[PDB]
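For reference, the chain that follows is the form solved without the partner chain, supplied as structure tokens.
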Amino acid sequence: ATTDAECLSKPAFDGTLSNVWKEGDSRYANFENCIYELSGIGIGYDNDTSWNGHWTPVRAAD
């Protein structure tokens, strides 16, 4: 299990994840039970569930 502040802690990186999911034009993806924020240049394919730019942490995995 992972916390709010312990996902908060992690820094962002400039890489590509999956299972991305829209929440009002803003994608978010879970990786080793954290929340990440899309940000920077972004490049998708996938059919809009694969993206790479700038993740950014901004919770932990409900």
Second form
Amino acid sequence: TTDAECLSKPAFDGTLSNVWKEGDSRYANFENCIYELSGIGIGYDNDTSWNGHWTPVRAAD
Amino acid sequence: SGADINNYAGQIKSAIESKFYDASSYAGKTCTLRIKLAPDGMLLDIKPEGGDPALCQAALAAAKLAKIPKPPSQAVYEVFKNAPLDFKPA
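The form solved without the partner chain done, now the form solved in complex with the partner chain:
First the chain shown before, then all remaining chains and molecules of the complex.
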């Protein structure tokens, strides 16, 4: 499951969990891919769950 | 209730979104805030926890003005009592 395959998956609005922070930005694993949060996002479960706009950026790892 | 939590989050986001102006004017900027919610969905307090001064100010205004509805239930309220908010316009 490649970077190219992940990029081709649709963005969505919703909640991902086990979200982590690199620099200013937040990420989460989904469908063997990594999604990034943009827009206005709402956090919960100690900042590890985030609701908002998620866009695939690259493959897992 | 997992869907209730997600739908309420989407209503917070929707509410703030509509009081948030010239969003794309801040493309590339970041701001993160923390709120204190009342059980009826009113904002008790909001503190900026870092980011672009100009985006943050707009974010603050958005949130203060937002008409956040009452949570579907006390359970959901508890989840968002102290929600962090991220503004990362595209």
